[PDB]
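Since the structure of chain F is already known, use the hints to place chains C and A with the ligands on it.
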Amino acid sequence: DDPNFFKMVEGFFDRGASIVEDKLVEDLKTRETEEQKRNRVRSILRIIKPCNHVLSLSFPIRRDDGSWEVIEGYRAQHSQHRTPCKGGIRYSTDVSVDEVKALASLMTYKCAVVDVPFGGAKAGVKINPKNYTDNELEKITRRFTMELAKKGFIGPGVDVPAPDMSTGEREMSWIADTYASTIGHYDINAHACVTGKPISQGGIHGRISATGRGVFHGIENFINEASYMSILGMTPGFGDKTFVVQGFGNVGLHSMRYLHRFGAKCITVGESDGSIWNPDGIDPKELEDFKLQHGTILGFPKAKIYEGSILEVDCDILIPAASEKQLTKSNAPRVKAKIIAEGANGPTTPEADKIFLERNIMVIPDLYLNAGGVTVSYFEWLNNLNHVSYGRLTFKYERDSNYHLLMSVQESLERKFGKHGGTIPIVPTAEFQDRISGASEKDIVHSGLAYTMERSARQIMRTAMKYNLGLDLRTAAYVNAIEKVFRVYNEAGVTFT
Amino acid sequence: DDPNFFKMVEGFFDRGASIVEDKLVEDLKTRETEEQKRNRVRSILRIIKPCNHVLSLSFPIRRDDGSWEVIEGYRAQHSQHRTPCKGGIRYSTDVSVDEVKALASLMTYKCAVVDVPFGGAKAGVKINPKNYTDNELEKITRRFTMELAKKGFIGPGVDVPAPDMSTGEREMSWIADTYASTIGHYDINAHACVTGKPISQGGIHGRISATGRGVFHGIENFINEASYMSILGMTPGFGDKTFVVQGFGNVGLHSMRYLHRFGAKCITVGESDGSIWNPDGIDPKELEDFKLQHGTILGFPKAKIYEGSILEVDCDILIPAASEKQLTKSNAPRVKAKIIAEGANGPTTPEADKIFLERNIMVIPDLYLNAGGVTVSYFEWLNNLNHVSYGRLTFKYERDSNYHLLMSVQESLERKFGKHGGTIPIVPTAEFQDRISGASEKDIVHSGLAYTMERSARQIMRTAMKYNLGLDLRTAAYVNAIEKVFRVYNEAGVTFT
Amino acid sequence: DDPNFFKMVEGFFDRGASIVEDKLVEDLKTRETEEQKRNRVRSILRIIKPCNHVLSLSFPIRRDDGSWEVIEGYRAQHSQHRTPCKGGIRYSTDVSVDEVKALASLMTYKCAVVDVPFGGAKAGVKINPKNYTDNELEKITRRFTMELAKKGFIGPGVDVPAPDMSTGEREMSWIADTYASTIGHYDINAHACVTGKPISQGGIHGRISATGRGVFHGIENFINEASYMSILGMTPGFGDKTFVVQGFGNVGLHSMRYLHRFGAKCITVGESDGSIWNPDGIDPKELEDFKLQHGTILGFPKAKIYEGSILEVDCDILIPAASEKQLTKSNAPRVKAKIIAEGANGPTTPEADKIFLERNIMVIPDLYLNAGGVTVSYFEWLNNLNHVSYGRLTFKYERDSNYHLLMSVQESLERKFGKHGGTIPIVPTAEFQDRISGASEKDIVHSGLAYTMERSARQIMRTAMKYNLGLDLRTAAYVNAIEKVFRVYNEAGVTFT
Ligand SMILES: NC(=O)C1=CN([C@@H]2O[C@H](COP(=O)(O)OP(=O)(O)OC[C@H]3O[C@@H](n4cnc5c(N)ncnc54)[C@H](O)[C@@H]3O)[C@@H](O)[C@H]2O)C=CC1
Ligand SMILES: NC(=O)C1=CN([C@@H]2O[C@H](COP(=O)(O)OP(=O)(O)OC[C@H]3O[C@@H](n4cnc5c(N)ncnc54)[C@H](O)[C@@H]3O)[C@@H](O)[C@H]2O)C=CC1
Ligand SMILES: NC(=O)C1=CN([C@@H]2O[C@H](COP(=O)(O)OP(=O)(O)OC[C@H]3O[C@@H](n4cnc5c(N)ncnc54)[C@H](O)[C@@H]3O)[C@@H](O)[C@H]2O)C=CC1
Ligand SMILES: NC(=O)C1=CN([C@@H]2O[C@H](COP(=O)(O)OP(=O)(O)OC[C@H]3O[C@@H](n4cnc5c(N)ncnc54)[C@H](O)[C@@H]3O)[C@@H](O)[C@H]2O)C=CC1
Ligand SMILES: NC(=O)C1=CN([C@@H]2O[C@H](COP(=O)(O)OP(=O)(O)OC[C@H]3O[C@@H](n4cnc5c(N)ncnc54)[C@H](O)[C@@H]3O)[C@@H](O)[C@H]2O)C=CC1
Ligand SMILES: NC(=O)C1=CN([C@@H]2O[C@H](COP(=O)(O)OP(=O)(O)OC[C@H]3O[C@@H](n4cnc5c(N)ncnc54)[C@H](O)[C@@H]3O)[C@@H](O)[C@H]2O)C=CC1
Ligand SMILES: Nc1nc2c(ncn2[C@@H]2O[C@H](COP(=O)(O)OP(=O)(O)OP(=O)(O)O)[C@@H](O)[C@H]2O)c(=O)[nH]1
Ligand SMILES: Nc1nc2c(ncn2[C@@H]2O[C@H](COP(=O)(O)OP(=O)(O)OP(=O)(O)O)[C@@H](O)[C@H]2O)c(=O)[nH]1
Ligand SMILES: Nc1nc2c(ncn2[C@@H]2O[C@H](COP(=O)(O)OP(=O)(O)OP(=O)(O)O)[C@@H](O)[C@H]2O)c(=O)[nH]1
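If you read the protein sequences in the order shown, they are chains F, C and A.
If you want PDB author numbering, it's the 1-based position in the first sequence plus 4.
If you want PDB author numbering, it's the 1-based position in the second sequence plus 4.
If you want PDB author numbering, it's the 1-based position in the third sequence plus 4.
Hints in this document: simulated from the structure, not taken from any laboratory.
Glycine is no exception: its CB is placed at the ideal position from the N, C-alpha and C atoms.
Don't take every hint at face value.
Claimed, not checked - Here are the in silico distance ranges between beta carbons for each label pair:
no. : chain 1 : residue 1 : chain 2 : residue 2 : range
1   : F       : 70        : A       : 228       : 51 to 57 Å
2   : C       : 234       : A       : 297       : 48 to 54 Å
3   : A       : 283       : C       : 31        : 55 to 61 Å
4   : A       : 284       : C       : 34        : 33 to 39 Å
5   : C       : 234       : A       : 284       : 56 to 62 Å
Stated by the list, open to error - The calculated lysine-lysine pairs, modelled on DSBU-like cross-linking and capped at a C-alpha distance of 30 Å, are:
no. : chain 1 : residue 1 : chain 2 : residue 2
6   : A       : 295       : A       : 143
7   : F       : 155       : C       : 400
8   : F       : 134       : C       : 41
9   : F       : 358       : F       : 306
10  : A       : 420       : C       : 420
11  : A       : 358       : A       : 340
12  : F       : 130       : C       : 154
13  : F       : 33        : C       : 245
14  : C       : 41        : F       : 11
15  : C       : 420       : F       : 130
16  : A       : 155       : C       : 154
17  : C       : 245       : C       : 333
This is chain F alone, in the form it adopts within the complex:
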């Protein structure tokens, strides 16, 4: 059980088309024959599936010891029905076009599941950042954008890179600075070419913790749904149950704190080295220190090394957040859990899905969970496309206008019950007192994220009941994804051909 990662995501898309194909002909309003309309649907589905562009590079670089190397680099743009196309830049010696093509596809559907205006994209670099000088990573990241930009694969109108595995705000700043100063110098939207930038360079409050909140608001939108918890046989709530984490990195890290702050007791955590198992809870603050002190989660003196993979650890909510294809046909029989959230991108093989549906354990699709990161990188790309600190124009104004609603209510009452002259004191609460001056930059993020992953969780529930998919929310997700991208191709007069 190790399919070509692109043949796998295609496999999910397949079961999606196998169910939509019927409810999609009846919504096609053209005037043709029944079979003809189906010969129209299946055709458009064959256009969605493949990637529309897969660039492939090679970089002469000069390492600090003067020697040269080549660096294969990739970038796919899955679909063009929606511009621009976002997608992270991954640094790993395990990246390939067969991987990038699929990760590129997912973000075409992630962005469709959470209603974000972007096509899919993804860029890889065969590289191990743990090997190279922090000068060499600059000469590599800047060259990698110099190559893309001149071939039309970076720019606020075509593609927007983003952080991903083994990349952070450090790299994303090198990109925005190279693009702004070479190609899009005159363009007013220069700095808006990448997301995940540092705050001082045009970022957004909580771009790092963005994905974590995703995993959080996702789990919350289901744990607090009794219709499934009655099936899974658990309790709506967090402090009553626990969870584990694969891949203590950005997702895994912030998936903890936001899920740790509400009573859910993070049992264990692991990484490429080993596992750290404590059935009583690990402080996400303290462990975060060792990643900056001891280089690994190992040695953590408030837990122990675990002779076994996290995926088999007894818990309540499994969260693979480290790499692809981790759960598989050989790990599925030994999960011993109830819910498998997904921070990583397609961490479950399609073979293991049936086993999970068979074992009666709910799998929440990665299309829905790690989509939080996108919906915040959208606010960033949209922040620095308007050139204004959101809400700055109307801080002093909203603060005044609200002080005149409450006043008018007061002045109005002091004429009806004011016969005694009694000063009715209409004053804000503690909560409203914060929201007087309006929506600050952080407020729309903590809301626009919690809202985007509210509508999405419904549209997934609303579908899985319409088609009776039970706990295969994944298939229900692709259905909502495919139905949306279809109406774009259908009405667009797909081509000039």
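Frame of chain F; chains C and A with the ligands shown alone:
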């Protein structure tokens, strides 16, 4: 014996580097240590070898029956040491990135062997032109350029497509018209984006027969070299020996006539269907009719069907001009020939080379033979970059000036020997009478091609003696190729890295 | 005597306008009043004089020890009557806008004196290349072009940098590579943005020795003019007289060999360290070795150190070729020479000119001598703007056509005097045998340079007699310069204002 076609061309490049690496350190003038300089050479060689860009596409098209299809299309730009990058566009259901990457590499060396200012490139389309309407091929060719152009892979400053397998002047006109009218409208060099265009659209006299002349002037430059014919045991001349042809298409066709007009008796010819064997000669005119009348070289009533592949036919000069990897370890033992010219691109597997060197049969590298086609498509790209019919400015002027050289000589003599008054009539010959008005468009082609493949044949001879490569002219060719591309990287300060 | 270098060149321009102003009104064909026309001339002269653009920069760089620095950099575009604008890039800690503005002006007149289509320009960088790593010079040169390019000061349509003091073909390659790969990627004329590139990167045979030939053909065009040598009291010829050199660098070096190969005995040479005086001749080959071996012309065991400046050395032809303002009011009284050539740019202060005219010693203007370098960098900018090795198209053709002139003459004679049947053998000479195949790349250089500095030397002689300027050829040069740039402004309808 069926290597990955890119692992094969790499294999030739390897044996090339294995011999140049020594004579190239001593020509490196930097001030370092011996071993260091070698750590500099091997590094640059690792930069040349791989392709710098390999795009990959997917086309929604609307066939005439209304159904949709996807069409994978590829384009590689091997190197950027020389802009623009030329390369044909092949239509075949057997094309892939693993093929295009190598064909792209060859033209980086072809252009280096014949001193033509272009990097290498190649574009493929998984398609069978024998299946589609001549309307659908337009909707495909125009879309294929629309996709490339917007991503910076067509344009007189980056890439210049050209005819290749299953494409002719018909297709190349659709490209130039689409590019000129969409992307490079304002650009003055719009129409110069492709070569192989029809004459009325900016072509060159004999762009079709260009490659054939290549195969001709190549063979001639060796047959008339006794130093090898003494080794091979044959006679310098054409009317005394024969030859066969694989792949009666453009190369194979015009390889015949230009080699048929000088006594060399074309024994047989074949194609995807079958062989046409006559040990007494086939009229290239008559057979050309059946390709336009009977759809195949079969049925040709002045010869017979041959129960066997051409590659084993007894002859004097074998010319594979149909596809890749035709000669191989299984066909090498049964060649029964003396010289194997190469119209096709890498039609010989590296394993068969040793057998050919062992059997003491000279193999002329495809780098040298089919390079004629490029050297004429260069004159085209250079014709329509100057916007003038070459030589038009000075037709009436040269005609006059020459009539004053010959006159002055006459008037000068009629004063020394003119004591008798005898009118010395200095008048042109028959030959010069043609070259009076200067160099017309066709004259520079028939010369610039015959000249370009004169210098090249020497530099190959001049190398194969300097390093004692005997009859492995192929290896001698790559040596001249690598030495040239190296001096470009070496001196360029290869990167800003 | 140390004027602001821009107030000095202005001073020469002044005496130029003071003489042209009369002979220029009568050539103005507009219909106005006499005084009005003069109010038109003086006005246009005030437009020529100043620089139209003087950029000024500042570079954050990261030295190899990690520390930051700023690097002031300048570039002036004197005039725009002729695009593009060429001008070297000088690296020296003595550069400033007050210097660049004037050097920029000179090349507007240099290019006008030798009829080369370029406005003037010049770029400086406050830097000492002897201090920085050969990595740091790359990070500086590439950044310096990145800054200019984005502000429209590099590009084959606006400006074309070139080598100058403390820069060579090494730097010019870093520029062409940075521009080609960032800004003008798509442009077909990308690599044509700079001149002085290495040959493998699009240079010209003898771009280094180009300026030297200038100094040579300049001196020759005057030494072989008796009209002045009768005044100066010397002999037309080189082997009969000697010369010295200031600044053994590129100009001074190649000024020697080309003037050494014709009997002229180079007495001494100096540099920032000291002088090397031998009244019997210094081998330019041997001394060139020590510059690559012993770091200085000092220690040269076939001469001695000279306790004195070159400018006072007894010789016949003084050539300052090291820096500006070297001759001055304090050095003029002690020249003890006959002719002062000028390789450097304005090495003579205007005060010293009168003393030189008074001492009756001819000063050849730098406008005329070092203009050879430009006229070759023009051929380069024009070479790589046509994308063809000049003369390659018609090597085999001219070789044939000439073999038919000589044949026709033979065949013609063998009918008049051929009654005896005697085979008249019309065959090329030794000299013509070289020029059969036509004009190669090096031939047009050695001619186009020797020709350009033939017409120029006449137009200067032709003027200095028309206005009776005696030996002040400098003033005669500016007259020809001003008269040319004037007709451009005059007829252009100078502005839309
Ligand atoms: N971080 C983000 O912004 C987003 C991340 N994701 C997904 O989340 C996943 C992880 O988040 P990242 O930020 O990339 O984390 P990261 O870049 O910090 O690295 C993940 C960590 O997991 C560990 N790990 C990797 N492979 C492993 C394996 N096979 N077994 C055990 N441990 C392993 C590594 O030590 C690494 O520290 C990624 O796969 C990515 O697809 C998705 C969207 C946004
Ligand atoms: N290089 C570029 O073109 C960049 C442009 N921007 C744009 O600027 C806008 C800034 O808004 P926000 O940062 O959200 O407001 P903000 O109130 O969130 O500002 C964040 C930080 O930026 C600093 N800052 C504000 N103005 C500054 C200035 N003129 N110079 C230096 N630092 C300054 C503030 O001290 C604050 O600490 C964004 O909308 C973005 O579109 C932002 C970053 C880089
Ligand atoms: N035609 C040109 O302008 C140039 C052609 N070439 C090379 O020359 C070769 C042929 O020239 P094209 O113009 O492409 O010919 P073409 O495009 O006319 O087609 C080649 C012919 O050979 C036959 N053929 C193909 N594969 C065969 C096989 N496996 N066995 C037997 N017959 C087969 C086909 O029937 C076809 O008619 C190509 O492989 C190409 O690489 C190289 C440079 C320029
Ligand atoms: N669409 C475009 O931008 C094109 C531009 N050109 C440029 O035009 C130049 C033409 O030179 P050549 O064709 O080599 O000269 P040529 O003497 O070879 O002309 C070839 C054919 O073009 C025809 N032709 C010439 N001028 C014409 C016009 N104004 N309208 C219609 N047909 C005309 C002539 O009748 C002749 O049959 C080329 O240098 C090329 O650069 C050529 C083709 C297309
Ligand atoms: N080299 C060229 O391509 C061109 C040069 N020029 C002029 O020729 C002059 C020299 O040619 P470059 O190529 O710049 O030579 P360069 O760049 O090799 O350096 C000139 C040499 O003269 C010596 N020198 C500098 N200042 C001196 C001083 N005050 N006293 C004694 N020696 C000194 C230095 O040691 C240096 O090696 C320059 O001033 C420039 O204006 C003009 C046009 C083209
Ligand atoms: N990066 C760019 O865009 C460059 C473009 N060019 C253009 O190319 C033309 C070249 O003409 P010339 O060099 O004067 O001819 P040339 O006969 O003077 O060639 C000089 C050297 O270039 C080498 N060379 C020729 N073709 C080559 C190729 N395809 N690959 C690698 N090396 C090759 C030759 O071996 C020779 O040693 C120039 O007209 C120039 O416009 C030249 C240099 C760089
Ligand atoms: N690595 C790390 N990041 C943190 C930590 N605390 C907060 N952050 C991030 O830094 C941002 C600033 O935190 P706050 O000032 O508390 O604002 P906030 O959005 O209310 O913080 P949260 O509600 O915890 O998301 C937060 O949005 C988090 O994304 C922490 O302890 N460790
Ligand atoms: N298919 C085909 N093409 C031909 C034939 N004859 C000539 N051509 C091509 O058409 C062009 C015009 O031919 P010509 O008028 O004879 O000029 P040419 O260049 O002297 O012809 P060649 O010397 O045979 O190359 C030639 O350059 C050939 O490329 C032919 O019989 N069949
Ligand atoms: N530094 C240096 N350069 C040289 C020397 N000899 C020639 N060159 C340069 O290298 C080029 C190649 O020289 P040649 O092969 O002799 O061609 P060339 O143009 O006839 O040489 P010259 O007539 O001396 O200019 C010349 O154009 C010179 O510019 C030399 O001895 N030292």
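Verification of the supplied hints:
1. Judged by the Cβ atoms, the range 51 to 57 Å given for residue 70(F) and residue 228(A) holds: they are separated by roughly 53 Å.
2. Range check, residue 234(C) to residue 297(A): about 49 Å between beta-carbon atoms, so the 48 to 54 Å window is met.
3. At roughly 40 Å, the beta-carbon separation of residue 283(A) and residue 31(C) lies outside the given 55 to 61 Å, and the hint is violated.
4. Taken as a hint, the range 33 to 39 Å holds for the pair residue 284(A) and residue 34(C), whose Cβ atoms sit roughly 37 Å apart.
5. Roughly 58 Å separates the CB atoms of residue 234(C) and residue 284(A), a value that falls within the hinted 56 to 62 Å.
6. About 26 Å separates the Cα atoms of residue 295(A) and residue 143(A), which keeps this hinted pair within 30 Å; it holds.
7. A threshold of 30 Å between alpha carbons decides the hint, and for residue 155(F) with residue 400(C) the separation of about 47 Å lies outside it, so the pair is violated.
8. As the CA atoms of residue 134(F) and residue 41(C) are separated by approximately 28 Å, the hinted pair is consistent with the 30 Å bound.
9. Of the pairs offered as hints, the one joining residue 358(F) and residue 306(F) is violated, with about 37 Å between alpha carbons and a cut-off of 30 Å exceeded.
10. The hinted pair formed by residue 420(A) and residue 420(C) meets the criterion: a straight-line CA distance of about 14 Å does not exceed 30 Å.
11. Between residue 358(A) and residue 340(A) the CA atoms are separated by roughly 15 Å; this keeps the pair inside 30 Å, and the hint holds.
12. A threshold of 30 Å between alpha carbons decides the hint, and for residue 130(F) with residue 154(C) the separation of about 27 Å falls inside it, so the pair holds.
13. Of the pairs offered as hints, the one joining residue 33(F) and residue 245(C) is violated, with about 71 Å between alpha carbons and a cut-off of 30 Å exceeded.
14. Taking the CA atoms of residue 41(C) and residue 11(F), the gap is about 46 Å. The hint is violated against a cut of 30 Å.
15. At roughly 83 Å between alpha-carbon atoms, residue 420(C) and residue 130(F) are farther apart than 30 Å, so this suggested pair is violated.
16. For the given pair, residue 155(A) sits about 25 Å from residue 154(C) by alpha-carbon distance, which is consistent with the 30 Å threshold.
17. Pair hint residue 245(C) plus residue 333(C) holds up; C-alpha atoms about 26 Å apart against a cutoff of 30 Å.
Checked against the numbered hints given earlier, the structure breaks hints 3, 7, 9, 13, 14, 15 and satisfies all the rest.
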